[PDB]
Structures are given as structure tokens and as C-alpha cells.
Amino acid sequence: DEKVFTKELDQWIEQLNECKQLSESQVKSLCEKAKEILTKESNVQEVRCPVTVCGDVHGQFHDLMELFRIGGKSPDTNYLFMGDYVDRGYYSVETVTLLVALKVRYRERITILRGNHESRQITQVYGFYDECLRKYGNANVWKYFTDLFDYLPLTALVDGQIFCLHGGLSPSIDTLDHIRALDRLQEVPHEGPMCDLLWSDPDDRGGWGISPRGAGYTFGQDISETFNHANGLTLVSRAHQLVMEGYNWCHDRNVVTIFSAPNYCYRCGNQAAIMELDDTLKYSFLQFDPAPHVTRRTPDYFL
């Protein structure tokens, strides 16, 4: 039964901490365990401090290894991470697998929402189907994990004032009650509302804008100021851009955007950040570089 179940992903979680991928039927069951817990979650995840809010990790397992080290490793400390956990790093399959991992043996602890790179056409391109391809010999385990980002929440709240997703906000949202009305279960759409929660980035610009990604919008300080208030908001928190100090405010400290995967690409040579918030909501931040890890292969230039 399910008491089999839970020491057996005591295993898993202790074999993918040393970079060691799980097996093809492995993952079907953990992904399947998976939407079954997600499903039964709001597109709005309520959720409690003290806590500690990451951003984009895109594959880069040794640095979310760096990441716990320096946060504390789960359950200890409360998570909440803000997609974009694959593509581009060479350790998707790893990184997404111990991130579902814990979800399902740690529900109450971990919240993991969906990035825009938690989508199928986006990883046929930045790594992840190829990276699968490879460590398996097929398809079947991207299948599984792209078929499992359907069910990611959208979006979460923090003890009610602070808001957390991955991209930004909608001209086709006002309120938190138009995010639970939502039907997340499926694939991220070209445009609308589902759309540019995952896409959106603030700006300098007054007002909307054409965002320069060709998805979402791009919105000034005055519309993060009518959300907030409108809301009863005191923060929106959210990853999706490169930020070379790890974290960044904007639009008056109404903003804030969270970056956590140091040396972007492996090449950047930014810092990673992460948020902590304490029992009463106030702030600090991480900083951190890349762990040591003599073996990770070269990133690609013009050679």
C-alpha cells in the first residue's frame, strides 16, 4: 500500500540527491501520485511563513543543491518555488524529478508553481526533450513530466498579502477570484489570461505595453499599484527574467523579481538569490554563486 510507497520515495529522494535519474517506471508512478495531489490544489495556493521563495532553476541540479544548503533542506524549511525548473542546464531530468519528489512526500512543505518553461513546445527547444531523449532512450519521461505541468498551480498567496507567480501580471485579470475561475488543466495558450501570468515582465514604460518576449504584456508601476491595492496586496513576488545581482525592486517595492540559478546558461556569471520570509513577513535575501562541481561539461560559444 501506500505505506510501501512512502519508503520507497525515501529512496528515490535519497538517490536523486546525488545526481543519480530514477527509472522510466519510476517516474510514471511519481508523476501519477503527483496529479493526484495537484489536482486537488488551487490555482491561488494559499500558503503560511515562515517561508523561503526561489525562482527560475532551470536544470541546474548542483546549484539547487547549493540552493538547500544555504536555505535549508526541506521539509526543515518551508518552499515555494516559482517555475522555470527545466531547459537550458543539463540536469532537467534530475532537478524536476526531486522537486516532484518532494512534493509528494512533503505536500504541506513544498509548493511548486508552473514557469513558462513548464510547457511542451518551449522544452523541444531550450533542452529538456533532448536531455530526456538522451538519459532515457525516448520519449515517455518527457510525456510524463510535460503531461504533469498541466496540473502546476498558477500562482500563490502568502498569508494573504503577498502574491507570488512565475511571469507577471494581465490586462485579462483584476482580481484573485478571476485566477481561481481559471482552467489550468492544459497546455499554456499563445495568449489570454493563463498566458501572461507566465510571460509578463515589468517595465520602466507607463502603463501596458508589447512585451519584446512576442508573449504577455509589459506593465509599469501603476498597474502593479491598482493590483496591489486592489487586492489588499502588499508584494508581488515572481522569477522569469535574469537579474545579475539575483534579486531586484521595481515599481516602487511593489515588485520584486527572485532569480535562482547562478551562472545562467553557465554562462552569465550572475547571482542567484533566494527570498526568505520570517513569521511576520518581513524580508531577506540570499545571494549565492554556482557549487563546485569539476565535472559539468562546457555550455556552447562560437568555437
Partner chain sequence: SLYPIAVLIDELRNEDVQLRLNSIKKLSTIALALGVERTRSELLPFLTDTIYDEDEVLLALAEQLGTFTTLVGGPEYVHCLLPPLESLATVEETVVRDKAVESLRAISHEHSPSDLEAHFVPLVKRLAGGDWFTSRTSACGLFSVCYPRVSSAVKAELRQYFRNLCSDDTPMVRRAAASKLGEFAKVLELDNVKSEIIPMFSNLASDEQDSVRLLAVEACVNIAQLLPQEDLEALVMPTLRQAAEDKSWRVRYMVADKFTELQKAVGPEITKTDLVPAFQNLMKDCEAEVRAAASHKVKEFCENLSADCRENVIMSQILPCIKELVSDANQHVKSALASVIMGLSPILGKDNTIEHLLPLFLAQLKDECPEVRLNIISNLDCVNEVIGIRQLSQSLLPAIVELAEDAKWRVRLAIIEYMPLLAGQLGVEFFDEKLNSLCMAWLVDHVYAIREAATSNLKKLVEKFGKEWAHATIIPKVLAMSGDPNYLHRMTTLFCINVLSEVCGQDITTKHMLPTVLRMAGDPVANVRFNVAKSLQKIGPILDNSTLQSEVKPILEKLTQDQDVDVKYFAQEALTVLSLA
Second form
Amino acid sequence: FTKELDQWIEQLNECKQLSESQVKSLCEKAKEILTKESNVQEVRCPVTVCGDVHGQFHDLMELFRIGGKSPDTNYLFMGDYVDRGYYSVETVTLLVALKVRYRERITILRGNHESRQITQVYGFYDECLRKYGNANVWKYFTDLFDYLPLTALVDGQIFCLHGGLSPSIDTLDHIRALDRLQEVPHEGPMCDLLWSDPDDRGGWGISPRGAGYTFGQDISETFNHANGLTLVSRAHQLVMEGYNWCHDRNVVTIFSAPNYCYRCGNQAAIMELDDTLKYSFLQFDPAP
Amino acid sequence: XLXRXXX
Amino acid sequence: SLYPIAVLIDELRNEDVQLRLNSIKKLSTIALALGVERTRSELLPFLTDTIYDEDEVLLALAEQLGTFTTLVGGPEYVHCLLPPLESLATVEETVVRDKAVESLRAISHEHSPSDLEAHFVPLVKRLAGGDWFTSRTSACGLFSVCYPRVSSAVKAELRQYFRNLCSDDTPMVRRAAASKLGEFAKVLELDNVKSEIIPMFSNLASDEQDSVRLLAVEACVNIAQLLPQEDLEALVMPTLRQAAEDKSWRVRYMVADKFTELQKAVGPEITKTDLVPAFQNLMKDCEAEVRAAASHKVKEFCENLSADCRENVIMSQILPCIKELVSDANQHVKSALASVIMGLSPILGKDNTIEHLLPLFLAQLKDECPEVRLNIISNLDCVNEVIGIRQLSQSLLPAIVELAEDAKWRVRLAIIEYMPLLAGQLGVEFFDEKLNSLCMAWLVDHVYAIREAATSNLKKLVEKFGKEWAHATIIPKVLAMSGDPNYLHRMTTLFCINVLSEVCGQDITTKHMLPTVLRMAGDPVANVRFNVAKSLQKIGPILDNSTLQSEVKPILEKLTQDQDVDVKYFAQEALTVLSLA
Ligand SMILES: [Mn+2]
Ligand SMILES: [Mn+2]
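What would the structure be for the form solved in complex with the partner chain, given that what you showed me was the form solved without the partner chain?
What follows is the whole complex; the chain from before opens it.
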């Protein structure tokens, strides 16, 4: 089997999709591995934290050029592997593949796009119809997405999740208390973690997306103090500079899809947390 | 600007 | 058939009297089975006709017939070889027709003067006056050889036919005559070069077809060398000057292509008078092909200038044009110039080079096309040996460092490549002082790809300075990174050891690198632990077997017990590959 994974991986690195047969399998074991992990996955530094990728396969390869290759370099992705980009299938499959081959080298979180509803409106669904000839591979991956960890905790100090803070969650235990095995709901704690956005209006606000909330500085400060966190690390928001600080550095946004949708002209960034939780950012334009 | 669900 | 000869035949296929190829090479043997007597009466005849386009055979047959002057009776019978060769000459596949000619040309010198007139020339006429064309095309290559030995009355005939070949109704026969006009010229006595060659040359140079004109440029080089400098201006130069202005860029292209040859063939005076201006015009041609061809000739042209008042035409007539070309649009052109420009240093002096060439050197060195800057980088030698290593280091080093630390990692990546070049070109003593630092810096760059670049780049520097220089200038600073707190940097160390085992040899590896590797087996970060397994599996085959039992086998077995999954797997793998399992 190991020899096989290496193969699939080598293949996928040439941007060549795997068969429906292999996706079904790759997914069945990925489920095994992922069930054991928790809503608040423990991650030991060193690790490189990346944000949204959205099927921009060739930028993903640019990302490895910049932060090292797996399994040599440890990686933590905060979700949003599909939709928008032209190669959601190659992308997501590679990452899931890496996770099954190297459980301890990569951690993949769930993003608002790792959902059945939004994948049918933003790409990943139709791309699958185009690349395979039925909705099977979509079913396998969307089922798999249900096991994806909602949050990760690096060294008990750096809290990582796709979207943001929830007015119905103030404790890491609260989050561990949720049942993540289900489609992302339209509202609630699970929804909010994958959909909220930091903000510059204080306290809670109305999310201009129609899901989760906006939260100002005061809110983060409280959440951090209450949980012994040095900072909250999220993604989900295009940030022209690739990465962005806010809330007096209690929060940091990390977007890893340069020139998003091949239309917005944003840089992409990736955060390195070393052997000592010391952080450094790597900005990068799209690979040519 | 691509559609608030997100450039 | 019959047997002394039937050995040549291949009775096993299904062809049309086709011959056993490996046998047409063992031809000068059947020539012995029957003697000279029967070689002439049966062998040759059989060969003359019986010609089934086997090409590969026809070729070997044309080559073989060239070394048969003896197997036929010696000089008194060489002409026995003409018939079959004449045949092959008028074939289809040019390759064969060529071989035919090469051979006819060869045995020509075997024919006695009397036999040339008696047999050779006649074949030349028949090919010249042939109906079909290949015949005529191949005739042109046979004039120069027989011309000298034959009689005064026969020479004339030879000139007439040659004339008629240049003015042949077909372009090919004309291009052919043109391409042999030079050699034919070289064997006629002056008066006739003046009275018969020139007119042929004039005519072809003003040919309706530019494929023919284009070729008169080469003929020009020859005719121009054969004539006294005084006669050049009247008999050639007008024609040549026209060629440089010729409507067809292809023709002008040829002038620039053979500029250095004309220069020599025409003498220094005419070169200062006529060629310098033409050179300027070619470097200003609207067609980039021509400008680039011309630029390529710059250094060679300047070297050949009359030492007399050389250095002045350069600064006054050439240098300007160059300054223009460095800014040209076509990178095809900038490219040509860059690949020869700094070669002008010795000709202009250490002072002129520094004040005039060094600036251009910089422009191109910071050009868009990395190809153009690579051309400058590969040819620093002559500029270095002219001005001093410091005077250059002072004009180049800022440009380099300027990039070795830039925005785009892609740009920095470009500079890493010039390294092994700059290295082996400016010398190890300069590399240890002004370059090594930059090379060490990149080993710890933020961008992985850059680190990787500079890592495998160390190997290419050892290939340039040796395993000794390595052990004294690089292994030291590299091994240091193992204490670095960043695992990305600690792994870099092992990655450098992996590559340096490839070129540092069994000794320096075992003594200086293997230790550091084995020691990191107890690194706090699992990614380092397993890369150590992998490094042992890489530099393993470079270690003698006593080493692989004493400290390697032990270490790997330890690792296989590691708590980390991947470290285990790689340790096992390492063992199973080294046979230490
Ligand atoms: Mn998102
Ligand atoms: Mn997104």
C-alpha cells in the first residue's frame, strides 16, 4: 500500500487526477485516520500554516517551492481546498493523499467550502462531472469532508481554524463538545467557526456573508485570554498582502491562493511557526 | 467581488 | 548468375538484382578472386549497369570505386573506373552523387595528363552538356582537378563549359557553378581570372535569383584573394559594395556572414575605405538576422584592423554602432553582440576597456534576456586578464550582489547559476574572498527553492575547486548549521552532506560528514530524524563496509525503534537498501 500511495502522489504531482476507484479507497482510509483526530487537533511545532488554496493547483506547487516539500516540511492547512480554481480535483486529492501517507506531517482542517451545498454552486461539483463522469468522486470527498477537524491547536498557544470566533463558543472545550461529523449547518457554533470574520467595529456584528458573524478586537482579546492563546490564526478572507494582522495582533489572516480566481490581484502568504513557535511569513505571487 | 460568499 | 561475382548478389530477398551490402564492402576482394584482367572485363561492367537504388549500397560502391585504381591495373587503366562512377554521379540521392564526385576527383590525379584529355574531360563535358540536371550539378565539381594538367587548347574548352554552367537556364545548376567558381578560379592563371572569371562572377552576382546571388559572396572571397590589390577597386569592389546593399537581405546576410573573410581577402586599405562603412550599414540593417550576423563579427573584425591606425577606427567608427546595438530591440541581436563584445578589451587596452566597454558590459549584464547576460558572464576572462581582477570586481560585483539579494526569488535563482561560472572563471582565490559569502547565505534563504538551488550548487563548486577546497572552505560552514534552532536549516545541513558525498570522496565523507550525520540521529524534531536515515542511505555506498557495520548499521537499528512513524519506516528502508538489514 505505501508503495501505492507514493505512486498516486507522484502522479497527482504531475497534475494528473486519480481514478474513481482510487478516490473511493483514498477516501475510505482518510476517514479512518481523520475520525481519530478531534474538533481541536493537537499540533506540535515546527509547522507551516497555510490558508485557502481553492483548486489553484499550480499555486499550490508554488507554495511547496517556497516552504519545502512534504514530508520534509510539516504543514497545516486551514481548509478551502476546492471551488473557484480550475483544478479542485487534483488539488484536494493531492492533499488528502499526503494526509493518508503522512498523518504526522500534515494536518488538514475544514473550511466553509468543504461542504455539499456550496460545492454545487462554486465549482468542485461540476468539475467532478467533467473529470469523471458521474457524481461519485464528489460523494466520496464530500463525505470525507465531514470528518475534517474543525480546529487545530499548536502547542496549546496558537489556535487555528478556517473562519473565526463564535458568540456561542468561548471555550476550547465548547468546541471539543460539538459533533463535527455532519454537513456544515447554516448557523450555530460549527457554522460560525468556518464562516465568521474579524472586524473593526467592536463586539459582535452582522456577517455580510449571510453566515457566522463578524467580531471586533475586544472579542478576540477575551477569547485569547480565556483560553491561554497567544494568537488566533484563521484564513477565509482574501487579503491583498497575502497575510494580515488585526485586533492588536490577536488575530492573523492567511490567504494562500494568489491572484484569487485568477481575477483579484492578491499576493498569497504562508506562516512558519518554528521549533520555538516563533513566527515568520512568506509572501508569494502566482507561479508562472 | 466574484459573489459575498468570496474579490 | 555466375560465381566469382554472384557472391556480391543477395539471392535471399525479393528485390531487382539487389546486392548484399556487407559484401559491397568486401568488394576489393572479389577483385582478387579474378585478376586485374577479369576485374575490368566482368566485375566493373557488372557494376556499371545493374544499379538498383539501394542507396546505402550505391554509396558504398561510389566510395569503394575510389580506391580501386590498383585492383584494375594501375594508372594505365583508371579510366575503366569512369563509366560506373559517371553513372552514380547522375543518380538521385545527392549523397551518392557527392561520393561519385569525390571519387572521380580522387582518381583524376591517377589519370595521366594524356588520359585526362583522352577520357576524363570528355566525361566532364557529357555531364556538363547533359540533358537531365543532376548531371550538370555534379559536373561543376570536376573542373578544377583536370584543368591544370591538360593542354592550353583543352583548358579553353573547360572554361567555356564552366561558363555555360554559370549561365545555365536552371537555378540549381547556377548555384552549383557559383559554389565552385572559387576553386575553379584558384587554378586558372591570372589573365584568365581577370578575363573569364570576373565576368562569370559579375554575372552571377547580378543574378535574377537571389539564391544564386547570395552564393557569389563566397566566390568573391576567393576571386578577391587571387587578385592584386590595385585591381580590386576596378574588378570587384563595385560588385561587392552592391552586394552589401543588395535588395535581398539573404544576400546582405551572406556579406555579414563572410565579412572577416572579405576583410582579409581585400587588404587593410580597402577595409578602411570600403569595408568599415559597409560594416556600419550592416549593423544598421532593418532585418535583425543581418544586424545580428554583423554584430557577431565585431571582435574578429576589429582584431584584423591594420595595427597601423586600428584603435582609432574602433573608437570613431565602430564603438558608436555597438552602443546602439546594446539597446537593439531584437534579443537575437543583443544576443550575438554579448557573446563577443567583451573580447574587444585586449584590442582597446586596459584604460579604454574601463572607460568605454565596462559601461556596455553592465548594460547587457542587467538585460532582460537572461541569455544575453549569460553570454557576458561566460566571457569575463579576457576582460579580467586585460584590466585587473579588482578593477573588474569593482564593476561586476555590485551588479551580482545587487541581484543575489532581490525581490523575486526567481531572480535570485538566476544569479545562483552564474556561480559555478563566475567561480571557475575568476579563480578560487577570488571566490573564497568575494563570492563564498553569498553562496553560504543562500543556504539559509527564506525560500526553500533558493536553499535547494544553492545546496546542489555546492557540488558544482567542488567540481570546480576540488575535494580539498571543499574540506577547507565549505564543509566547515555547512556543518555549523546543525546547531541552528530552525529545523528547516538543520535539514539543509543534511541536504548539503547528501550532495557533497557525491564529489568529496570516501575519505573526506567518512571523516568529516558522516559524524555530523550520525550525531543528528537524536534530533528533537522527527523530520530531521528521518532525513538522517535517508542521508545514511544516500552516502552509504560511499563508505567502506567496515564503516557500515561499525557506526551505520547500529544507528539505523536504533532509529527503527523511534516513536515517530516516518523515522521508523525510513530507518527500515535505509537498512533494506544498504543490505545492513
Ligand atoms: Mn472560506
Ligand atoms: Mn475561501
